[PDB]
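*Asks:* Spelled out, the chains give:
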Amino acid sequence: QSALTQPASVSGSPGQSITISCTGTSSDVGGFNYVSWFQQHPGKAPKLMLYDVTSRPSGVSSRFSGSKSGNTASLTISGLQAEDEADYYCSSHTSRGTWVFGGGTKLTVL
Amino acid sequence: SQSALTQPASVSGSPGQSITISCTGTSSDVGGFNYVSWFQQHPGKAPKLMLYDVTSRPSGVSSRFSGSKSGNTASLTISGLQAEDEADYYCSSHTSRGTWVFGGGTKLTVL
Amino acid sequence: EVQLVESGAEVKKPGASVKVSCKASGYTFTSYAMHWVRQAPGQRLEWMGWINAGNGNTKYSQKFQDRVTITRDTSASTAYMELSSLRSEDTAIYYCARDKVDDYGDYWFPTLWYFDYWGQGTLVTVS
Amino acid sequence: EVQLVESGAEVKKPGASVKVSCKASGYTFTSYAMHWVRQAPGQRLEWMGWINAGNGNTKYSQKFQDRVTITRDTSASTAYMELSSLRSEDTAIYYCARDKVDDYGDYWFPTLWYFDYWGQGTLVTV
Amino acid sequence: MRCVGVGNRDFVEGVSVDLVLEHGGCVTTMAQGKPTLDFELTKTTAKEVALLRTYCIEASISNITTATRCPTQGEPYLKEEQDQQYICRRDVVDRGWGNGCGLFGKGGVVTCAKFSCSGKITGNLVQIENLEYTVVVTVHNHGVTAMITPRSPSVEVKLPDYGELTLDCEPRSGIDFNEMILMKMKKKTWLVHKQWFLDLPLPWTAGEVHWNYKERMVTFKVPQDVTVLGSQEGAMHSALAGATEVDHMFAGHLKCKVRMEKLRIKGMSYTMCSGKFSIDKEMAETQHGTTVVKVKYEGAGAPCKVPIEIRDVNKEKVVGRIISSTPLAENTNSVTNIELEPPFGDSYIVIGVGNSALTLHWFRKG
Amino acid sequence: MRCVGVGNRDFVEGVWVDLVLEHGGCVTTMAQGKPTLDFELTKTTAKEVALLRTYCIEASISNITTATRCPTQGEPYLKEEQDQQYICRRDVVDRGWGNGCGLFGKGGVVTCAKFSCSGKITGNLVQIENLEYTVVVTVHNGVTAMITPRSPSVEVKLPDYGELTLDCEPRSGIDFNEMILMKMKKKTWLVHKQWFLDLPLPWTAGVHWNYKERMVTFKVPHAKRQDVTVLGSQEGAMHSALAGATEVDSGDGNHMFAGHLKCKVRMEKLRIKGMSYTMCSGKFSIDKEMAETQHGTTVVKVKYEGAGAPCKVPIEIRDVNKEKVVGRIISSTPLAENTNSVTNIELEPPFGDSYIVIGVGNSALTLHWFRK
Ligand SMILES: O=S(=O)(O)C[C@H](O)CNC1CCCCC1
Ligand SMILES: O=S(=O)(O)C[C@H](O)CNC1CCCCC1
Ligand SMILES: *[C@@H]1O[C@H](CO)[C@@H](O)[C@H](O)[C@H]1NC(C)=O
Ligand SMILES: *[C@@H]1O[C@H](CO)[C@@H](O)[C@H](O)[C@H]1NC(C)=O
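Chains as they are written, first to last, in the working numbering: chain A, 1 to 110; chain B, 111 to 221; chain C, 222 to 348; chain D, 349 to 474; chain E, 475 to 840; chain F, 841 to 1212.
No wet-lab data here; the hints were simulated from the structure. For every residue, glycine included, the Cβ atom is placed at its ideal position computed from N, Cα and C. Don't take every hint at face value.
[What the hints assert, rightly or not] From the structure, some residues in chain B lie toward chain E, with a derived Cβ separation under 7 Å:
1) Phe143
2) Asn144
3) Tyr145
4) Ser206
5) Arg207
6) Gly208
[Claimed, not checked] Straight line, CA to CA, 25 Å or less: simulated SDA-like cross-link-like pairs of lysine to any residue:
7) E:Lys658 x E:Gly498
8) F:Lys1102 x F:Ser993
9) E:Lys695 x B:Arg207
10) B:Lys179 x D:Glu394
11) F:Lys1104 x D:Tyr452
12) F:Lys1141 x F:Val1200
13) D:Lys448 x E:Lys580
14) A:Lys44 x C:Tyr248
15) E:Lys553 x E:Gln698
16) D:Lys367 x D:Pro389
17) F:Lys883 x D:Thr422
18) B:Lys179 x F:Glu1132
19) E:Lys755 x E:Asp820
20) D:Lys371 x D:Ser423
21) E:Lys660 x F:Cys928
22) A:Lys47 x E:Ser808
23) C:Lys284 x F:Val1068
24) E:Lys517 x C:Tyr325
25) D:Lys367 x D:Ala357
26) B:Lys158 x D:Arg392
27) F:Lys1023 x F:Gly1046
Sequences and hints are given; from them, build the entire structure.
*Replies:* Rendered as structure tokens:
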């Protein structure tokens, strides 16, 4: 069992906006800004989409945005595309100096 | 395997006569210490202590058996040979290194 | 540029050990920490531990501290991960991810952008 | 009366190990050192080593230090001799001989009358 | 944005600049018509170090051999005496008729043992000429690495879109490295006095290993046998109580002179942002009486200058000061870090223009 | 003839005999109308030892746990802090945006590590009541005897020489009420009780280690943070502190000490085997050449090749002119048991030239001797 709670499946229409939640504790998500979001296409390795809750690497689109409120972190994807259809994982560095990953969320584009 | 202690392979003698068996070592064994012993070994039987401390002999051992030492060479003398004396004879020594060396052996033949 | 080359897929019997690797290319190996994350088929990602390539210090997850042993070869710029006493549950893809170490050498706190570069993952199958 | 009872003859294949024994009777086993001497058919006697039965200390010949292991059982008054990785050359009769240890329990210098009592020897064929 | 979180931080202001760089320290430079830069001394690494001595702190004895002799017969000999890996000592024991000697008296003995080191300590010579200083220069909103060597002190540092600077430094240190040794023990390292290290009563070697003075770890005392002295690890830690522990991370402040002549402010070439701004990272006070905030430009017309002003309680006059030199918004949805110095008490930080401008209240305790 | 050849040898002559027996040494007794005897204290063994204290000299850290907290949030807590098997230390570090904290300032940290001993030393009590002294009494030509504080006087029977009473006082060994038997891996020592109890190392009586911080690395306040590490090995440091202390021998059970047993021997029932025989008439020969000992005495083995044995061996130490008896014979009335019998004789010839005469008449063997 993962310390980080994500919905198993999230569906969305093309061009629409969608939000993926990631609930942790005061010892990880609610305690630090070490909240990161990873995209994982079938057969491919995870890709860093968001770090420091809101910050994003150079090659990552502005359509991907991050948020945090209490022990819950949120990933928002604006204007959905067919290529966005992948598994999304949230991560956090803990109070204990360890790393925790979410259960994952399979994003389905209609 | 070659021994540090040298003995003649075969020594013959007539009944009622005196015979001598030599045992040459080094300054590290025979020439260094008095730990020179002589053993009798009959065919099929285990060795028997005949002489120890060069010249000394256990209670049951005959006066006919005598020992000597001069330099690195030790000698066993058997006076008045008997048919039962026909056995293999080995000399031993405690070395400078704290080990035990045995001679090649001498098969005594009585005529 | 930056690239992490992982070792080839391995098929092992239960009760044995498996050693996987990741070679660093396009960056100074000594200045970064190598993390190991596993993923069972159809399951979530699970963090195993890290190695500070500069000093050789480690940290493992409580689930893997007894079986996992992480090592490094500075000369070859390769990081190794050994998993002893394999079970049917260990059938997973083993990914390596990099994270920069502090300028002084100690890896007390990770960088904000941890796991910015990943290895393609090694499929270790346990029969 | 003093007597040394040796173990029975053994037939072994090359590359294996062999364990021989000698049981002490009629004297304090711990007060004496047990020596091991071998003799190949038609060949000379060759000293292998000793065991101080009192403290368990040993000394082996340079030819046997790597293969020979000498042990002792104080409770049974028996001394054991193990020869590992045996070859065709090890086909010999294995004799045990006694020698008294110093009153303190140390075996630095032996008694001038060393090997006063022997075992009948165990024939080991390869 | 490197020094912002560092406790030991110094601010330097001029016109076009004298600065002292120390380990654990961080220098932020400010000048009119020049960009705000962060300078930090990363490491003081000696690329070529010279091994002076290796001491044995843990040893073991094996393959013990003894050779005796009777009185007047001379001295006994062993082949192991000629072997450099073996430790041999001579003595005499009572010999007589019972010990197999014809003569009574003291008879010479020799004992040898195979000495093996299982734990060692190294002492390397630290030279000031071979020292290499790593300096990282960062601009406000990754950094560029620079190397300082006593042979090549002046270095040209190129910064993309910000220009170029000349870093002319001179190494300055108090402690004499000619009298200091870098002592290594398992995982820890120390800086010890040369004489103290050379006077250590332990077996040693220079550079299949030959050990000089094995008897400093090997005793022949019996309650005949060879005895080992046991691990000197704890004894060493006791003797290093006063000594300075080291992490290639030597201590010494590097004095630098920076040429800000070829430097330019990336942002001056752009117009003011017209669109709306939002807080990406809430504003937080640092350990230096300054504040930091991340702003996300949600509007259009980027690249553009970020409009920031620190106004008074009545929101009329500009009272504060901005540390970050002319901050810009690179593109749409771009995040910008800004360091501000609001005055003591109440103030208002205004980000943007007109009604769409974000007004943030700030109270500086002090 | 066990004392000859021993370096530490004392001669005692009395005319009820007072003697002191020590380890590594032996006493030769002489008395008119009594046999010459050799006495030696073989071993001083202690049967049982009671465990008193166990010190840790070598340690290791395992199960490292760290808890971090942002500034203003308070101090972090670990369940391991309440565990007595763990070592916990608190530090305060610079926190900020780069370290993943929303607020800047000093953030509290706590580190815990399980303490495990890999090398220990034991302090045992040695009870003087359980001590057993082994004394070997040999006649010039041995019989073993035991002295215990419960049975100090012992009757020693010697075949053909009579009987003696060995009344000893076990007062030897420094007050074991103030002495501790310290064990370290393979070696054992006898140390002072207070010195042992004052050792600055973690200890136990029964695992719970009292004062573990004695083995933990010292923390300096004005320096960079470090992991909770332990001191190396105090094995070598201990060997340095035991330089003066007396080392004790330990084998397969029991401890052997260096005794100094004071004895009173009753030579009342003792008789000289040889006085009941007549003088040897026959010829003698040297079995083993006369040799000087480390005590200014000489020893010779003689073989009686004559008849009429058992008989008294005639021996006299004459002067340079071979007229008057000048020396002294240590061996009490030596005898020749049978024909071809070998006899050992200890003599004390004077300084310079002397002649040792063995036998009677023309057949008597005359041996020249010089003493430096
Ligand atoms: O196999 S189970 O049904 O027990 C559990 C299931 O594998 C969990 N799947 C998540 C779903 C979201 C993408 C990542 C994997
Ligand atoms: O076999 S070889 O000829 O190489 C050597 C031969 O066995 C030596 N025999 C001695 C002769 C004296 C009695 C003891 C054995
Ligand atoms: C401590 O670590 C060991 C592995 O080194 C493990 O077997 C043990 O269960 C751990 N103990 C606790 C209390 O976590
Ligand atoms: C030294 O002793 C070891 C056993 O402790 C043995 O394996 C090795 O062969 C010996 N070496 C020599 C040179 O005899």
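*Asks:* Run the distance test for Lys179 (chain B) versus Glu394 (chain D): straight-line Cα separation, threshold 25 Å.
*Replies:* Within the cut-off at roughly 22 Å; holds.
*Asks:* With a cut-off of 7 Å on the beta carbons, see whether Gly208 (chain B) makes it to chain E.
*Replies:* Because about 6 Å separates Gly208 (chain B) from the closest Cβ in chain E, which is inside the 7 Å limit, the hint holds.
*Asks:* Holds or violated: is the Cβ of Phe143 (chain B) closer than 7 Å to a Cβ in chain E?
*Replies:* holds, 4 Å
*Asks:* Holds or violated: are the alpha carbons of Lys883 (chain F) and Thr422 (chain D) at most 25 Å from each other?
*Replies:* Holds. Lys883 (chain F) to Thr422 (chain D) sits at ~20 Å (cutoff 25 Å).
*Asks:* Let's test the interface hint: is any C-beta of chain E closer than 7 Å to that of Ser206 (chain B)?
*Replies:* This interface hint holds because 5 Å falls under the 7 Å limit.
*Asks:* For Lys44 (chain A) and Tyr248 (chain C), compute the direct alpha-carbon distance and say whether it is at most 25 Å.
*Replies:* holds, 22 Å
*Asks:* Need the status of pair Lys284 (chain C), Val1068 (chain F): alpha-carbon distance at most 25 Å?
*Replies:* Holds, because 23 Å separates the two Cα atoms, which is no more than 25 Å.
*Asks:* Against the 25 Å threshold, does the CA-CA distance of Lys448 (chain D) and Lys580 (chain E) hold or violate the hint?
*Replies:* Since the Cα atoms of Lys448 (chain D) and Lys580 (chain E) sit roughly 23 Å apart, the hinted pair holds (cutoff 25 Å).
*Asks:* Starting from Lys660 (chain E), check that the Cα of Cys928 (chain F) is at most 25 Å away, please.
*Replies:* With Cα atoms ~23 Å apart, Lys660 (chain E) and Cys928 (chain F) stay inside 25 Å; holds.
*Asks:* Any CB of chain E closer than 7 Å to the CB of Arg207 (chain B)?
*Replies:* holds, 5 Å
*Asks:* What's the verdict on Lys367 (chain D) and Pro389 (chain D), does the C-alpha distance respect the 25 Å limit or exceed it?
*Replies:* Holds, at about 20 Å.
*Asks:* Take a quick look at whether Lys1104 (chain F) and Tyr452 (chain D) sit within 25 Å of each other, Cα to Cα.
*Replies:* holds, 23 Å
In summary, this structure violates none of the numbered hints.
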